[PDB]
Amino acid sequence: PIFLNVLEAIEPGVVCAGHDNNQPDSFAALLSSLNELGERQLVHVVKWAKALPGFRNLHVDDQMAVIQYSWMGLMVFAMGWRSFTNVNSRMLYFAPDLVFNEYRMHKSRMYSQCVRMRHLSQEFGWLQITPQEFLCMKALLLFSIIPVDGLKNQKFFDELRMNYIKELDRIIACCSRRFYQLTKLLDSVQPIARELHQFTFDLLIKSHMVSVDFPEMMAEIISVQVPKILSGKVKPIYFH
């Protein structure tokens, strides 16, 4: 099980948000902590992505771009898994020090998005998603969004995506009905990431007004990479 040995080995550890849980809840503090957590998660996602089997087959310019486009979806997917395993989808487990209950979902003004992420969390239980399926699905999520004008070397990306889909087939084989369920679950991440992309974009544009902090590396991606997705230049690869 060489492929699965690697995914398990490179799987990031626990990442905290650094949120002050002794403050009474506020919109500004909650989303500043989400933004800070997004910064910290991005660092771990880059190190995770670069250690993936066959990742440096990609063109150097494509490596960071692919991570930055998939970044939000990857965070959402892993968070849903965290939520399922830690609290049985009762709350959104963004981090040990940032667990969203229904009040915090409302307070963040992302209630609709949180509800859909809670549904995603529950689907891990309903579908009985194994830890190994999760790891392969999450790796496949990285290679599930590309620019319409094409990557620097689209062929290497296409080959790499195909290989990860093959590994998912092998994990399933031990098939058709299962592959259908998992690809449908993967597809459901993209609409959620879209809504979050739109929401964090708007928040960045009015950040100065609402007193929400955006780290340097966050402001860049949400101002440079995310608008390409929102403007239709970069689109996700849907199975169905």
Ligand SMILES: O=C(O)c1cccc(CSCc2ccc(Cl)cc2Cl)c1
Second form
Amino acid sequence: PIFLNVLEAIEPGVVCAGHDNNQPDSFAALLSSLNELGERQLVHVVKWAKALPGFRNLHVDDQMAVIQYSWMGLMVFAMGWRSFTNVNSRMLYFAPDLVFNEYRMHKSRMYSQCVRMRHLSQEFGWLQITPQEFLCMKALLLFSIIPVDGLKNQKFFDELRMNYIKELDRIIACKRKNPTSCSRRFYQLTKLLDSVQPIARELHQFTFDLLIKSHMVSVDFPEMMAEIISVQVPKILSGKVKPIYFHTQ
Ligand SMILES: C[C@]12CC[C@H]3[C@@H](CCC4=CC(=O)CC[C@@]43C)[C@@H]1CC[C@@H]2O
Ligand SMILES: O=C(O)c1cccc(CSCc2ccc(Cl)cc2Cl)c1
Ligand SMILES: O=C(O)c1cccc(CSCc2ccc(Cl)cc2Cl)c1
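Form deposited with the ligand bound, following the form deposited without the ligand:
In what comes next, the whole complex appears, and the chain from above leads the way.
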């Protein structure tokens, strides 16, 4: 089971937000912390993507590209998994030092999005996602958003992505026999993967808006997040980069 040994080996540990929970909950302080958390998770995402099977087959510019388009979806999905395993999805477990309860949801001014993330989180429970299904789904999220005109080497990207689809099909299928089941299950996992995208997009709009007005509102964006949110998020927002959906929406 080489493919899973690797996914299971390179999975990131806990990342702390650095939030001072002694501060009173405020928009400026909650969002600044979520932003630092994002900066910190990006270092780990980069290191993890580059250790994935087949990832350095991609053109070097394409490597930076797929990471910079898909981090939001990756991080949302993983946070939903954390939330699911650490607090049965009752709260959003951004990090051990930044757990959102209902008060933090309203104060962050992202109540509706948080609610949608909580929903995502509860699906892991509703569908009984195994840890192997989770790891393979999250790997496939690295490959689920690309420019409409293609990458530098799109042919490589297509092959890699096809392979990651087959690995997920394999993880479902090391277990079952009479194949209504395997067929139903693949359908649920692809539907769940698709559902990450509309949420990632709401958060794209949100953080963009907020970067634009950050000075007026005392929210800090660190270097990389400011750069990625000014340079790559708008390509998504302007429709020049789009998610790859399994089913028509
Ligand atoms: C992008 C963002 C900072 C980073 C947040 C993001 C919401 C989802 C999220 C979950 C994580 O586990 C890491 C941080 C991130 C990626 C936030 C929405 C508004 C804020 O600007
Ligand atoms: O280097 C970083 O920490 C960073 C920060 C934000 C976004 C990305 C995407 S780069 C992924 C990558 C691909 C190829 C090479 Cl040579 C080198 C790299 Cl770092 C990387
Ligand atoms: O072990 C695996 O499952 C695995 C998973 C993903 C990718 C790869 C290697 S694919 C990388 C690749 C890139 C371009 C082309 Cl044309 C052809 C290929 Cl085979 C192997």
